[PDB]
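J.: Following the hints, put chains E, A, H, U, Z, R, C, L and B in place on chain P, whose structure we already have.
Here's the letter readout for the chains.
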Amino acid sequence: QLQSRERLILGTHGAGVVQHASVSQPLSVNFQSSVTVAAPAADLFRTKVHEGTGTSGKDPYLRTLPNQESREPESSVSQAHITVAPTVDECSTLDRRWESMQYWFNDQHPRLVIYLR
Amino acid sequence: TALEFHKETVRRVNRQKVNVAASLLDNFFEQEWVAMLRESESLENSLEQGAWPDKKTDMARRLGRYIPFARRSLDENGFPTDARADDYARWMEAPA
Amino acid sequence: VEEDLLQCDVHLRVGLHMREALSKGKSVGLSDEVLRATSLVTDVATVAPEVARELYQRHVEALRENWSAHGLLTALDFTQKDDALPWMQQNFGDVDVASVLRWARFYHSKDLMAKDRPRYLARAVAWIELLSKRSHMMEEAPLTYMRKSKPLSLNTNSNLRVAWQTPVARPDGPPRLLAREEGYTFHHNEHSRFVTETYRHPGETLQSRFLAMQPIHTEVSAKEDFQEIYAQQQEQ
Amino acid sequence: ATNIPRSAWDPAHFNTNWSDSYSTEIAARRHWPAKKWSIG
Amino acid sequence: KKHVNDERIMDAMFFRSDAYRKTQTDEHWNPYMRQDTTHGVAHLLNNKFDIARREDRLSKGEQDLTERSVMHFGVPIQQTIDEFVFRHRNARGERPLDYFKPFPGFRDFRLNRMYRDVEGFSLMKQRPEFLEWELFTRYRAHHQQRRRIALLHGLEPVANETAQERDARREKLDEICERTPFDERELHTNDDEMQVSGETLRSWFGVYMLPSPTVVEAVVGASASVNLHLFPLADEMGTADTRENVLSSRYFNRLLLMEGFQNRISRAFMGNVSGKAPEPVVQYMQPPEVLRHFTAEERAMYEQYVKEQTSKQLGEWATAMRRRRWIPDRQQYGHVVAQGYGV
Amino acid sequence: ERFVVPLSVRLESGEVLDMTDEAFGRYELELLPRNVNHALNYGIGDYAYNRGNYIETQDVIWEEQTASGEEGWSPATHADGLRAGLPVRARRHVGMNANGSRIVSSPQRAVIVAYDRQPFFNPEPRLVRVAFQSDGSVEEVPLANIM
Amino acid sequence: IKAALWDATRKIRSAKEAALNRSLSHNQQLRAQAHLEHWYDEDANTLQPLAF
Amino acid sequence: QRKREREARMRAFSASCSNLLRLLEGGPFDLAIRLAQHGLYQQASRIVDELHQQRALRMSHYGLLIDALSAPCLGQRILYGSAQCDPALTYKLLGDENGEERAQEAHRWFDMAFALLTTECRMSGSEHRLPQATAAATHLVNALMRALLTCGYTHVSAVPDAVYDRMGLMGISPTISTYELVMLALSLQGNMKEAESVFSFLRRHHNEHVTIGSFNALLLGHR
Amino acid sequence: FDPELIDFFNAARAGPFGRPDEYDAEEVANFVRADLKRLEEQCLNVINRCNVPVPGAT
Amino acid sequence: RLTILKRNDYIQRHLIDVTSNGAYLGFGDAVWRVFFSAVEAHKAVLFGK
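Residue numbers (PDB author numbering), protein chains in the order written: chain P, 30 to 146; chain E, 613 to 708; chain A, 340 to 405, 425 to 594; chain H, 10 to 49; chain U, 393 to 735; chain Z, 785 to 931; chain R, 106 to 157; chain C, 50 to 75, 95 to 291; chain L, 294 to 351; chain B, 244 to 292.
Incorrect hints may appear among the rest.
[Stated by the list, open to error] Below are the DSBU-like pairs computed for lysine-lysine, each with C-alpha atoms no more than 35 Å apart in a straight line:
| id | chain 1 | residue 1 | chain 2 | residue 2 |
| --- | --- | --- | --- | --- |
| 1 | A | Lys491 | A | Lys473 |
| 2 | E | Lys668 | U | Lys452 |
| 3 | E | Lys619 | P | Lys87 |
| 4 | U | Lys704 | U | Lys517 |
| 5 | E | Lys667 | U | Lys452 |
| 6 | P | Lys87 | U | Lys452 |
| 7 | U | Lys452 | R | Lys121 |
| 8 | U | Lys517 | P | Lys77 |
No lab work stands behind these hints: they were computed from the structure.
With the rest of the complex left out, here is chain P:
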């Protein structure tokens, strides 16, 4: 149950492991001097769908979330054997539904008592 997932796993481009907000500026160590300072993101450039320039996290060197539609993983929850709270518009029909005796004799929200009342 990853915390702040709706900003981290879903909307943080690089899955929260990749750090985008940085420059290509040269540091005198032999590792960080190998990266030349790149002149900034072009002002009026029309960039591609997967590639950004890399100025920010939301505009990273390779956009990560797809343009597909974002739908949850369809839960494994049993919507069939589940004991759910009787709404007024679930009891407005309570005399008509074919249910089992756990449905009628539930401890939590018993429904036969609702029917008999």
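T.: Coordinates of chains E, A, H, U, Z, R, C, L and B only, in the frame set by chain P:
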């Protein structure tokens, strides 16, 4: 903005001016429009139909969902961005 | 319809009638006169009061079944036995009743319009009511009305949604505009609930400054049943 | 539906228990020292 | 020259793109050549309805429908994580310290991600102090015994349940948890955690943080705040209450008002911020670095806009503290002037 | 039974009502934002509950997820830690003999008191020796009838 | 009065816009010369019939 | 081959248009129906403007005109010719066809129909508030919605933004065509997160009243 | 419910009560719902087996 | 009102007083099981001749 689009930061700063003016405008609009839509207590009486021509329903509500201009992704010339939503967001980020 | 073979029935009849005239040696003619002159529309124009009365009665008793003070169906001039079929095409102009009645005449090579005429009446009526999509409209049932919806403030569940309360539900209520302008939009899911939230009124307590505002989630129906609304009002 | 399934690109479908590629094939090839005991 | 602009190069990047171009869409005959939305989206919006729904959609913020004309299967979360581990040579700094023992159970390859079970613990702020983590883990055990008994008698949370049932069920489960033994074999010592005893916990934290049912009773029943019982109140046989029962919610509901605890958990502000408004998050509250640049009158527009926004939410908290409500019996909004007492 | 604290209420015109705390807890606000209980959660997320109670925020997680369908009595398989005392929703074999190999019923809560992971001590199908929630009746029902 | 007059005026305006949105949609060459600004440079404030 | 089919289709449409204009300049109710159905609102409007004068109409006459104004023949014309037989783009490529003026006509007509329907309710001897429960007015709702979906995008999104809202406000208990047009307007708006919600309420309450045109709304909106 | 399904549920000349059975929309309702309960139970058991293998101990 | 009251009391003493203890009912399991036991016992005469 139109005039000074090519200027790397001046365009972005004038686009901030745009986003502030249009925010003021759309707040103005969302209150001075629900005001004109609250002027329907003149017509919520037992002139229950008043058959064809009501001003709010729908001479005024026909015009539909409003588009605020702080959000209307307008391009250089004053027409919506041919560039995509992403490109235009980056282009119009803050001078910060 | 696309091929305009609606009238190939009468045109087969006239082509045969004219294979009679040409075989005798008489020249022939193609016009509305021979159209209305074939036996078909002669016998199908007499059933016009019979079919139309049935259509009207079917749809008025259906509405009485399911509101019933008005019907959608226009005035069929009853005793005016003439304006039945033009009334029919004005009433269900999406299909050619001239062809429906002349199709539903034969019932397994059996001319119903000579023998089982009430059978033809309830047959061509079924056929017009099904082929004409407008018939489906004015034969619709009373469904119920879903109030639009907006998310909760004190979020007990997300599936539990501030319901839209219209003045016809509650007149002793707020001066509300439409649900769009007041923010609600369309949403319901396999578990959705419709709710009004307000919290218990806080007096001068310490919880009333350091805790959360406890809500009593007053849950309202999922449907605005205007039919039961006017029915309650008739029941006073 | 989608010829490339949902569970592979869907971050909503991402495994809370996705234990990665080097992880297990590294923590597996180890052999913890055979001499936990002074004697044995 | 290597990486130096040149006129043949200008002529060449133009002869390469627009070789014999009759118009920008000369090669837009191929489908997976036409639908590409790299250098814009216009060529795929061919009627006014297309661009109409385009702009309405971009106003309402939904992802532009002609944007989705190219299918950009993103980068899989698994690929980004796998690449990260590959660059950083196993994320050795990130695994859970149980990864590094014999046969880490499958739960021990997934990284030290902030899983929500630290959503609620007001005790530990950012670095759990001594025995703070050990008590938080004991209470992880306590809420787990909670879950056991909750599914046990079937007090599970319900997808479509309402508030009255919620708190009825809550006070229902509190009754059995606070009265039912707390299970100790479940007390699993994780990586680098200290395995401690109940008496030591009850000594350092007080038996108010680790209350026995009797002390919890003394907290729920009486009304005083002056009694935070940081030590054992004896048993009904005259002894020390060497026992603990499950952590429910009503007991903390009792504590959270006594300013001894509201500071013990360092959320002390509640006295100083209880009845007042939040700071208005004004859209476009620009920094002085471009308040410098808003011209003589655009600065004025900016300040008028922000002033109207602050006044908006301030009158909004006025209407929040009013708490006027619709008495239908008067068809109006009643604003309470005073309260009573226990009636 | 009722233990009410009355409220002297002011009306829009001027008259004062003697209305109960309960009966105004039901009557509807004028403007109900979501940042109202911020005061307990200042600056940080403004919630619908007390963040002070880890336990109540934990039932926040419980109810929120269980509404979202992240939790639920899904069908079980062998992989889910079927150890002694895991809460489990079983389905009963409703008692008959001359019937063909079993007669099976609705979901009824249970908990496991005896289970073996061994593919030998627990063959196909793996009879889960369970004890239900009604009175603790111990019977062996396979994992096909467990949630 | 002014509301219905503006109604008739916006009728005319949207008709002059529609008589343009049809033309650009059904021009095969202005659509091969793909540009968005086509749908935008002309509008009922500038198409030939004007109110002044 | 496709060109020949488009030419032969525009020929039928244009010949019908010309023969109709000739009838009109040179009976009246079928004339107005055919005019508004091929797309000649601008001439079917003055016909009804004088048909209204003498109370030559009823509840359902303006209703007929409303649905016939949605131009089914012109829809099929545009469909064959410009849409390349595309049922979604036929709405988007009809919406350019004076969809506002056709929409203003459909609107004013519906309001006239409401007038006439309440007039009938109060002249039918039972004087009281009952124009809504008249399934006739509900079908005016369905017909105005069908005549709006054929118009511009503004109105395609107005069907469930102001027509549905006004329906609820006046108390018109919705019919199946209203729910399927809720769905089809949301579907040509792009708001599947609301269309599948409508469908959820239906399947969970009135699946006997779901027909295939609503699943059509879904298969169009997801598209 | 559908007329095809009723005409398939009641296409029988005689049944269990010593008399032909008339199956309505609801006597077939409980039938199709029991069947669909069965199919969902089997389907979700599948998916549960389909998430259980992980790289660690598949 | 007496008619209404003594219908209330009859449905309160013969059905609702029975179903008051869901735990007594075993939540449907016990009720089904006892039916299955009744037919267990009288296998002889229910499906006989």
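J.: All hints are to be evaluated individually against the structure, with a verdict given for each.
T.: Now for the hints, and whether the structure bears them out:
no.	hint	in the structure
1	A:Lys491 x A:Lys473	holds, 30 Å
2	E:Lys668 x U:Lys452	holds, 23 Å
3	E:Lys619 x P:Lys87	holds, 23 Å
4	U:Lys704 x U:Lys517	holds, 34 Å
5	E:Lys667 x U:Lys452	holds, 26 Å
6	P:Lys87 x U:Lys452	holds, 20 Å
7	U:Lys452 x R:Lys121	holds, 28 Å
8	U:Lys517 x P:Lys77	violated, 43 Å
Violation of the numbered hints given earlier is confined to hint 8; every other hint is satisfied by the structure.
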